[PDB]
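**Q** Here are the chains, one letter per residue:
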Amino acid sequence: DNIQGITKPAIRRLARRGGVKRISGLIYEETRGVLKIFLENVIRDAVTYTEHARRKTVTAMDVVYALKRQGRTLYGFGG
Amino acid sequence: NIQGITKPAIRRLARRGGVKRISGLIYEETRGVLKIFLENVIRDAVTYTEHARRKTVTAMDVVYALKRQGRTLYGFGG
Amino acid sequence: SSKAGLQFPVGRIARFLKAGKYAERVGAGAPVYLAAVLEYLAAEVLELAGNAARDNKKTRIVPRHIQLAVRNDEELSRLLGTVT
Amino acid sequence: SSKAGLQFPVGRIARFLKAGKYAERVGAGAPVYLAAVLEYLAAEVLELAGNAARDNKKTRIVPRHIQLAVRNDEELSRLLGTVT
Amino acid sequence: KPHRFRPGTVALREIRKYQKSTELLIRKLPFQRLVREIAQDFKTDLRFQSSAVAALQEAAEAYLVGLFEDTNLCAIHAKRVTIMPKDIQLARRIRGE
Amino acid sequence: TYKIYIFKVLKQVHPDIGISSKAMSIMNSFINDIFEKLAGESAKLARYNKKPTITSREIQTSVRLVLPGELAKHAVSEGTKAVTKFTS
Amino acid sequence: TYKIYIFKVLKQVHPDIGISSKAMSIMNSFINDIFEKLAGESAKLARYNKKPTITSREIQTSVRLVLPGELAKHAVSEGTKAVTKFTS
Amino acid sequence: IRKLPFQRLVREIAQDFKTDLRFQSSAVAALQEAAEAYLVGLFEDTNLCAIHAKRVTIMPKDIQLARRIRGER
DNA sequence: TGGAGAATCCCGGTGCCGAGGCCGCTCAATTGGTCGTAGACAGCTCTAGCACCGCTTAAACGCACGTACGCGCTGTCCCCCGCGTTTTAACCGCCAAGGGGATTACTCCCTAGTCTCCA
DNA sequence: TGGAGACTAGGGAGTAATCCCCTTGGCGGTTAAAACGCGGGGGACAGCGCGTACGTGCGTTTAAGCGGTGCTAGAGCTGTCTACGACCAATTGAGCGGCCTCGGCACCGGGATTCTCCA
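Protein chains in written order, with the authors' numbering: chain G, 25 to 103; chain H, 26 to 103; chain B, 20 to 103; chain A, 20 to 103; chain F, 38 to 134; chain D, 65 to 152; chain C, 65 to 152; chain E, 63 to 135.
Just to be clear, a hint being listed does not mean it is correct.
As the list claims (entries may be wrong) - Derived DSS-like pairs: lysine-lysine, alpha-carbon spacing no greater than 27 Å straight-line:
(1) C/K67 - A/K40
(2) G/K92 - C/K108
(3) C/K137 - C/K115
(4) D/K101 - D/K114
(5) B/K77 - F/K116
(6) F/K65 - F/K54
What the hints assert, rightly or not - Examples of chain H residues toward chain D, derived with CB under 8 Å:
(7) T97
(8) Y99
(9) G100
(10) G103
Because the hints were derived from the structure by calculation, they are not lab data.
Where is the CB? At the ideal position from N, CA and C, for every residue including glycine.
With these hints in hand, go ahead and build the complete structure from the sequences.
**A** Written out as structure tokens, the structure is:
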């Protein structure tokens with residue numbers, strides 16, 4: 025599966041960036057689940073914005089608007 | 026008058042919140058948090074009132090101040 | 020509203036859209052769709068509140084019943100996460 | 020713009036206000052006030068970003084410097100709490 | 038032989054009674070005096086409608102109830118039962134306040 | 065003030081169950097907030113696409129964005145049904 | 065885009081400090097977001113009292129509402145100074 | 063996060079909502095940046111939760127709490 | 001394994017005032033023309049997204065093993081809960097003052113609409 | 001080609017006054033909670049130990065990365081042009097406040113039933 029592509033080293037690097045020092049072995053499955061939930065919640069809005077404009081190409085602006093709508097505004101990718 | 030929020034009031038609020046047991050230092054922190062929240066809402070409410078050139082704060086001003094903070098409130102007009 | 024088979028005021032909602040300055044022009048389809056969506060949401064919330072009231076053996080909806088209906092359902096709770 | 024000493028385009032700001040249908044009518048003072056507020060905020064943010072960059076011994080501004088400036092100041096932090 | 042409840046049972050009874058009820062849990066007159074004292078700083082000689090004060094009281098009570106729910110969750114997370122200042126501060130810190 | 069229409073809807077779903085003044089005000093505030101949310105999102109979508117006319121498509125996209133999951137599905141179905149019945 | 069004006073402001077505050085393409089885009093996005101916030105809040109303020117005109121007072125109220133604390137106060141001072149200079 | 067596996071994950075997730083979708087590289091990059099920022103913030107909050115509980119090893123019952131407090135699930 | 005004090009609920013008796021229906025009537029919802037134009041549609045350009053496929057190699061993966069530490073156990077004591085007493089001010093009803101919300105009217109001044117020009 | 005400038009008229013704004021509604025400020029008085037103090041027990045916690053699992057280094061895949069190769073789907077835009085929506089106006093009826101009634105509910109008394117400790 026592609027979700028398994030987010031392996032242990034990636035989650036460990038993210039945790040080390042977030043301040044965590046020692047990570048339990050069961051964190052990784054929860055981290056993948058949370059990442060999938062977040063990606064679903066952003067992609068639904070992005071795809072809805074894309075379908076509204078009758079386009080088949082998801083662009084940067086759709087993703088930026090989807091993020092800004094979730095109260096997670098992002099800068100540097102247009103708009 | 027912040028001391029007017031007596032200990033039994035905070036006890037009742039905590040019991041409603043589902044807290045089984047309360048330390049003795051919660052009360053000062055709860056008063057501080059209540060003051061912070063009231064200041065945050067009242068600043069916006071008074072700003073909305075002062076915009077309309079009035080000296081009477083209305084219910085709509087408070088409701089809009091709550092709605093701008095992410096604490097939308099129903100059943101008081103709008 | 021009669022032609023659309025709705026209990027909501029399509030004309031009043033159209034007037035609100037036009038006077039609200041949301042957009043320069045409002046197509047005829049928009050007020051009917053918005054009235055239908057509002058009617059469906061109101062019907063759902065009122066149905067949940069009434070079913071909650073029938074459990075509490077009270078025949079009059081009150082804020083407690085509305086709060087119970089909002090918090091017992093997951094979708095509405097997600098919609099009304101920050102609503103008192 | 021140059022008449023009031025402000026670098027921001029008062030004319031462009033007025034056009035943006037009118038085009039976006041924010042109001043039916045726009046006063047002659049509102050674009051000047053908005054230009055002043057935007058210019059002050061931009062100047063403050065750029066100054067903080069440059070000051071943060073100087074500690075890094077770099078002669079150019081990068082998104083890392085802007086992120087540091089945003090996360091350092093408390094007021095900008097509250098204004099930009101959820102900005103990446 | 039006076040019948041005395043063991044420590045804790047009456048707290049749970051109060052929890053059940055209060056969660057079963059809906060009325061406000063803050064004295065109205067001290068809350069109104071507090072609101073006037075706080076609003077004195079932002080604008081001098083203001084006047085509050087009764088409904089505005091009631092709305093402020095309802096909002097404050099709802100906010101405190103939510104904060105105490107999150108504080109109780111934080112306390113249970115640390116295997117304690119007694120909520121403490123380190124539990125309210127964490128619940129505020131996570132929310133971003 | 066959507067009080068009369070909310071009352072009619074409640075009678076449609078519950079013929080015998082009434083509603084209090086506070087509950088009626090809560091329902092009215094909820095309807096007003098939902099309507100303002102949908103209208104604001106439709107205005108944002110129209111401005112982003114530069115189309116000055118709010119059509120059924122903008123309202124449909126706004127409903128898909130605001131209402132989650134089953135609520136979104138049923139609301140979109142109801143709106144499409146109402147628009148189809150109105151046009152015909 | 066506000067790239068020219070942001071570039072000039074940055075050169076004014078820091079002549080010896082330059083800016084890259086990504087940093088300029090981030091600053092432009094921040095300026096656009098602030099402008100959208102202030103304009104939307106002024107529109108909401110106008111809609112609340114049903115006054116169809118946006119003046120310096122509406123912008124000042126929106127600045128007080130959106131910007132917090134000392135930023136709001138300094139922005140109010142800057143706007144008042146600029147409006148007074150312009151109208152004179 | 064690795065670029066290509068995350069791109070495949072994004073495409074797989076988008077497959078369900080609407081089949082036959084084509085992504086600009088900019089949109090994928092923005093989604094990856096947002097995912098990284100959200101995960102970093104969540105892990106910081108989880109670290110706070112685990113420090114509060116007299117521990118240094120974060121656990122799934124800490125991420126769950128840090129998301130329950132925010133109100134994400 | 002039952003007994004005892006505290007606490008809550010069932011049946012029935014009161015009152016109450018707010019929900020529920022009536023009804024002017026007035027202002028807004030429509031329907032019929034009329035006109036200006038944005039959006040539907042067709043068609044053309046080509047930008048950029050998708051798929052193959054080989055060569056590199058850093059990164060993920062599996063194993064071994066030691067040590068930090070997470071969790072169960074235990075006893076000290078301290079400080080919060082339950083409680084009886086007192087004291088204090090929230091709170092209910094009266095009562096007026098009047099200060100400011102609320103139009104109503106009128107003038108007058110400021111901004112949108114139109115035409116011309118240039119950085 | 002959008003920003004600047006000048007001319008023109010038409011409607012929102014500021015102001016005055018008045019009307020009266022709601023808020024502020026007292027005052028008397030019954031009384032329901034705050035304040036306070038006194039056990040005591042129970043949970044906070046500080047130390048202890050032991051077994052579990054996580055970090056690190058090492059050897060070995062393996063899929064990411066790049067680059068180079070190709071195509072071609074649809075973004076992007078322009079040109080017609082027609083069905084749509086704004087505007088206006090006579091019409092009329094639906095919702096607004098203000099009148100009423102009455103019945104479902106609030107709350108208590110007497111008594112019955114159930115709950116937390118305890119011998």
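**Q** Now tell me if each hint is right for this structure.
**A** The hints, checked one at a time:
1. Only pairs whose Cα atoms come within 27 Å are accepted, and C/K67 paired with A/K40 is accepted, the gap being roughly 24 Å.
2. Between the alpha carbons of G/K92 and C/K108 the distance comes to roughly 19 Å, so the proposed pair stays at or under 27 Å and holds.
3. With a CA separation close to 25 Å, the supplied pair C/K137 and C/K115 stays within the 27 Å bound.
4. Distance check on the hinted pair: D/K101 and D/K114 sit about 20 Å apart at the alpha-carbon level, within 27 Å; holds.
5. Distance restraint check for B/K77 and F/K116: the Cα-Cα separation of roughly 40 Å exceeds the 27 Å cut-off, and the hinted pair is therefore not satisfied.
6. For the hint linking F/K65 to F/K54, the alpha-carbon distance of about 21 Å falls within 27 Å, and the restraint holds.
7. Interface hint at H/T97: satisfied, since its Cβ lies 7 Å from the closest Cβ of chain D, which is below the 8 Å cut-off.
8. Because the smallest distance between the Cβ of H/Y99 and any Cβ of chain D comes to about 4 Å, under 8 Å, the interface hint for this residue holds.
9. At its closest, the beta carbon of H/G100 sits 4 Å from a beta carbon of chain D; the interface hint therefore holds under the 8 Å criterion.
10. Residue-level restraint check for H/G103 holds (minimum Cβ-Cβ distance to chain D is 6 Å; threshold 8 Å).
Violated hint: 5 only; the structure is consistent with all others.
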